[PDB]
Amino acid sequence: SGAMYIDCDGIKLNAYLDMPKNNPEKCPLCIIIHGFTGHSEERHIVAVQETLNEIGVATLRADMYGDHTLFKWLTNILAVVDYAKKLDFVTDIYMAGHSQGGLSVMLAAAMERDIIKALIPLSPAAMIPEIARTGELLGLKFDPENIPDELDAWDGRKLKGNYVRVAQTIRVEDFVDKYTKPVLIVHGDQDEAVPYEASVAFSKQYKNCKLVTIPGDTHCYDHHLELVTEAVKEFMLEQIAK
């Protein structure tokens, strides 16, 4: 049905609501949260969105922001959840996200563990908190105890130190331990941005996680996006059948 915005704390979160083509009275919905540098219309997100719509699952692609921090993003994602809970057509709510959106939905799904029926982290950037505690962020090295006011960051973006100050506090493993419902992690084994082996490890820690490895592929699935969508389709058909 199209572009929309969700009000949160005096800012507006841009989103898109897409229904399955038959316009069902009642259907499940998947929240899809792109990453920090990305956008909802990007190929790797749209492909997943179209795939879900095709199997009868509505989608709500959303920005997790309108000084970015994981506290702001998580706050915004709770607003998106709260919006989705009010939609009359919705049966069950699912969550998917890519890269820093993947980390964010890993966190938010635990916070929403009673509501979110299954979780799909796509190449989640889930090591950020630990790396921030070592005093690294991309090519920068600082004393983890003396954080710079400004950090030159992802895709040229300038972040405040508050990003790190907040990130350092997040114990990802606590949120993994608390989400015991089904998870599908997808990750390319030639990912140059986020190490594949991180997803291996997080897959073993979750109680109920399937890891799907995209052989040869990059962070945004430049080579085999279709293997991503096939895995998501198979997993989500399994879940909507329960």
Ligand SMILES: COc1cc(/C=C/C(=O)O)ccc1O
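Numbering follows the first chain given and starts at 1. If you superpose the two forms and keep the largest set of C-alpha atoms that fall within 1.5 Å, you have the rigid core. What changes on going to the form solved in complex with this ligand:
- Core-based superposition between these two forms shows that, of 170, 153, 110, 132, only 153 has its Cα displaced by 2 Å or more.
- With the core held fixed, residue 141 shows a CA shift of 2 Å or greater between these two forms.
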Contents of the next structure:
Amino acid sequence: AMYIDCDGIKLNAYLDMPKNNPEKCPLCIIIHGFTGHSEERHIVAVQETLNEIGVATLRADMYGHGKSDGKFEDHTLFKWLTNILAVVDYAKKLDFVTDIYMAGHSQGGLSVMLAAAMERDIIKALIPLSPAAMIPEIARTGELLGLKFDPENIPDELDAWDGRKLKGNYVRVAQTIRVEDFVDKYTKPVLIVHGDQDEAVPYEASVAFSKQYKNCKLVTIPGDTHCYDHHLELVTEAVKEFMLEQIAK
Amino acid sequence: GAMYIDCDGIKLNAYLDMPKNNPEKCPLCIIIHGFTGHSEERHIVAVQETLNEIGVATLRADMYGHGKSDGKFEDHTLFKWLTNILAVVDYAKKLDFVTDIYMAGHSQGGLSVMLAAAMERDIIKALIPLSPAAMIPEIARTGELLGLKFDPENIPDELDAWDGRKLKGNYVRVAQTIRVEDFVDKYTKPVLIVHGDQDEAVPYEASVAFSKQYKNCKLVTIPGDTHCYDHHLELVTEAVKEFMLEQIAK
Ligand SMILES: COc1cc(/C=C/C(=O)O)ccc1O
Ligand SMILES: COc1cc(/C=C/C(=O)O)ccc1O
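Can you give me the structure for the form solved in complex with this ligand, which would complement the form deposited without this ligand we have just seen?
Next comes the full complex, and the chain you just saw is listed first.
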């Protein structure tokens, strides 16, 4: 448990080492989704699985989320991207760190897709877990996570997601992002994981992205939901097999 | 007045100057300086005073790592600047006297207003990029920023900038992502581009191309002039004047 500073916004994070406390291991940065945080069941499961195969984990609470600074309503993808650059720059100064990996769920899955492209030289492999990768396009077309609006007259505030508020700025920012450019720029190995009864983010976009990527493996979680209600073990298993593969090379 | 606008704990220094008049209700132009610049530079002040003279309030703002605002120069990126601009807009929209909101900006601030205006396209009435540095994302993509050559695929941790300044490589990683042409396409209200045709820092011809891409843009060339209009600043202000009186008359 610590704080990484990002322009005065404290980002809360958890560095978990393998039990053996090795002097050298790789690091995976893990990013939760919209209204999420680093202690969610699926985040912890992935983190624990990694730790048992020798990968340190750095789970970071993004702007306005978890125990980080900022209000939820003020968060945007530019801020999240800025935070991720700050967490990478922090990881780069850790002595124990050999290679750096990225994983993340939903909005956090999208965010690591963006952020690995931007850090393409640095990030050895990428794990988007049910990435909300259509957020930008659907924003341009007038919806955000179930809520609709005129994409040319964005409201000042959107109220939804169980008592939360969100400034229209979120939408103004998301609309600018061309996700496909980021996908074309990251040619290193990608595992996308996705449940095919996902209610929140549609399975079929992940199929479309797995194919755009130069080197992407798509693992389907049969019958499963957005946060893997039914089969989280199938996700942890997927991540385990992929990463054993990657740390061997 | 002078004031600080909070942007997530980063204080942004700004100047609100009224048309004096008052008046009771009037338009407001946001004015954004360029890379290593600030709100008290000659060319910025001059444009500011001209607007004030024809009835438009001005809100000049220092961006992250610049002028009197918080943060280090080497830590600024275009995403920080844009985020800063949306906080300035959010502040402006709360001012009771404000009728219409315009944007203007010089060089990197010219680029920033091209981007921000598209993002705020329902709010911003007209747009004035002054010698906009709108090639920055393209030359970041090619590894040719600041008289340097670097691999755009293996960006250095730190680049040397103007006059002993440093610039982190994050600046580049962020700039490579921005497709200026998308933002140009999305802003279909009146634009006035101004550019001097002996511009040392930012090639004139790029502004020709952008001016044709925009649905409604007038380009005013300043023949013989430099990046900061060392010779014919008069012409810039006169250009801004006539465009704006015309926009006020609509
Ligand atoms: C559909 O309602 C919701 C969707 C999400 C999605 C989060 C994400 O994609 O990261 C979060 C909270 C909600 O209440
Ligand atoms: C960051 O690299 C550059 C920045 C600028 C911006 C200049 C300005 O805003 O005055 C111009 C040329 C460059 O190569």
